[PDB]
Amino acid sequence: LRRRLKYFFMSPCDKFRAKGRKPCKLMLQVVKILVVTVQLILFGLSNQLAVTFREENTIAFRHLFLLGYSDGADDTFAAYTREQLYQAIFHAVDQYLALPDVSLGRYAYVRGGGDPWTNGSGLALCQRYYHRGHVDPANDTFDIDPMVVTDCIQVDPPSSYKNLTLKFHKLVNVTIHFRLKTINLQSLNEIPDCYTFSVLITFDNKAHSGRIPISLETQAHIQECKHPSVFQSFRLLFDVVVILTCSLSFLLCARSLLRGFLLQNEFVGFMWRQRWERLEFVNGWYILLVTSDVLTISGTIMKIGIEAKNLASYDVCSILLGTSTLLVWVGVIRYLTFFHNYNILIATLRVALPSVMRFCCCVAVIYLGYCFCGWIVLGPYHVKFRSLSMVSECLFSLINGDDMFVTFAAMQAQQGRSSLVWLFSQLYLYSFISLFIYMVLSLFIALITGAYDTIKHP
């Protein structure tokens, strides 16, 4: 029992000396790292092209359909007069009708097939307003039924829409919906696939502020083209190989975990006979490996489905595959732990981690207090403090010494509007930054240094 236990805790070289078994798990893990990384690289290279295609088409659509659009204007693009809004709407519809003659791309029209389109219509120009909308600011009176009514004109591909009359006082928004079909030629070494872009142009008046932002958005539905012919299954084979490798690694790691648990039970029983501590038998690296195996297998199944155009959940698949790749590359640290000079460093980090996490809790409460205060006080005056997540991002960047002067300068242009708020912002920023840079970061350094001293001088 003592000998078996001592064998259970030997290093790979010691195990090889003791029993001579060729280490299959280590070579399997190396092969796993290689194949998982290659799969991720190929997947990312393939996804990059599709992302570029979608983005380029969307930029072209913005230039084609948004009157007076220029690059970099997305956030501020808006209308401010009734004639501006009418001109933008009519320009978008006219450009839709002129597309085959003017566009550098090759687009096919799509008709019908559900709402908001009718059977024969390619473009839907829809206006949404309030059911009852009496508003008289002169007498400070209003009578509103907030129920939204939609009235929408249908345009067939090549002027009734030219008679649009907007209900400005009760207008909620205006939308233009249409679909364009194109073939992704640049895929050529894949076979070109068929894209359907659904384009939505929104003129948004929900704020009722006299400023109506204009935006264009696209959703791309990708399918296989019916009759592809390019003059003159390794990906699937590689996915199968990855799945098989991860399954074998999973089985071996599960067997190791089960044997460890059995030895733990035997040891506990023997000690009870003779007479947190049990987790010593749990190999955390194997738990990490099993988790990465499961993530990789799920992600590869989803990747197979996506590459066949049967699925479109890119986000979840990418998150699974990326997290698993991160996990395997982290697990590479296990190998370095077997050599004394590297183990010194890894053990220092391990012994430091608990106190680092506790201090992280201590820091978290103070940080949250500062976040709330800054959001309530500075949010009305500072673009970086509008929302709580933005406030947290700004404060975290300040801790790391990024974007500090611009944060101060934004407040600089309020010293006359509100002296009290400017003074408060000075105190708030200086105190936060000084406390975190002089004291908190220094304490993290001290914790790591103390851990290192403990490791070096037991």
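Rigid core here is just the name for the largest C-alpha set that superposes within 1.5 Å across the two forms. Positions refer to the first chain, counted from 1. What changes on going to the form deposited in another entry:
Here the two forms are overlaid on the core, and between these two forms the C-alpha of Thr202 is the only one among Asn283, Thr202, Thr325, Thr245 to shift by 2 Å or more.
Relative to the superposed core, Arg259 undergoes a Cα shift smaller than 2 Å between these two forms. A displacement of 2 angstroms or greater separates the C-alpha positions of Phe90 between these two forms, with the rigid core held in common.
For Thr182, a C-alpha deviation of 2 angstroms or more is recorded between these two forms after rigid-core alignment.
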Second form
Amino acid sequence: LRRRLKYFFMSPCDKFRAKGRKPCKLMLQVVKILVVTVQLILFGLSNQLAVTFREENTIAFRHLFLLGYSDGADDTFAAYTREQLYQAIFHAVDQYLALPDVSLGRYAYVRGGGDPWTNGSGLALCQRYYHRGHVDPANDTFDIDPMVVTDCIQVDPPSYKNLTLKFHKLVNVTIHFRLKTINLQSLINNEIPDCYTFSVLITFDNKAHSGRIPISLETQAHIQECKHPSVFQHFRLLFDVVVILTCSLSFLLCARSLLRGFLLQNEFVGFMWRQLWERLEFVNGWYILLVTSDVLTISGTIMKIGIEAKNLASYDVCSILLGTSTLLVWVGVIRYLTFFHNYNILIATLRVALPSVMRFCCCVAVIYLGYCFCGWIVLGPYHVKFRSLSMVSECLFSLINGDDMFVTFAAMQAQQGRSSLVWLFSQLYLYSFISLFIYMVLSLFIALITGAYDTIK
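Rather than the form deposited in one PDB entry that you just supplied, could I have the structure of the form deposited in another entry?
The following holds one chain only.
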């Protein structure tokens, strides 16, 4: 029994010496690294083609439909006079009607199909305003029924010029239309082009009632298989099957090893009773990682095959699955470096250090969250880097690492004249956070890890 456990815990070379066992699993891991990385790279081509088609079409739409638009102006693009707003709206509608004659792309119109379009209508131009909107700042008076009324004008693809905006109670103006196009660039990857429908929404937003109306354009892309396409004189499937077989064999071997470990546990524990933390010692966490990676790889490969067959179109989910599986496959080879101490410094140190690090983070996290909430709410209206909670966390994390510090300070220098109290608070907030976290918290965080290393050294 003692000899059996010893052999169970021996290294692949020692196991080969003791029983001549061929290290099949190691060769499988090397082959898996190769094939999974290749498959990820090959999938990247189709992924990139889809993403590029979407983004480039959207940029072209911005240049076609937004009057006076230039690259890099998305965040500030806005209208400031009634004349500017009317011109922008009419320019968008006119360009929609002129598209077949001016555009470099080839687009088809879409009519009807439910709200906001009536049957036969390609473009919907809608204004939304308050039901009752009497506003009299001269008398410091107003009478509002804030229920929103929508008024929509329908334009058929080849009377909207009579649009009259109710500026004083206007909530917003929207233009909705759909365009069909074909992603021909797929031919360069030896793939059949897909049929895209772009749903285009142009928003003139007046919700702030501030005299400035921002203008934006957004698109939603829907992918379909085209109807009986034809490519003249048009292997991924075999490689996908090879990946699936390699991952399945690895999964079966890992499951066999895990079952063997479970049986050896049961045996040893039963013997020890007749003569939980110690039970989780026959469990090889590396093999749990390997089976997880195999499951992820197989799921991603199935999804990739489905997308290639045009049954699915979820490029992002497939890419995440395959990328995570590739990372885990690369990481999993470290198991075979754990037997040699000279190569196991990182994992040994991590195993020793993680408990104390988690206990330390328990106390650090409340301070971090307090700072996050305070910054988000107090400074967010004034500081571009504090607009949302996740943005605040990114800014604070970068500050801890010494990044983007002066610009963070400088963003507040504009408020020194306007809001002096806010500026002073921001000084105290930033200086105290940086000092406490860089010089005290991070110091001890690193000291715990280096002390663990000194222990395992």
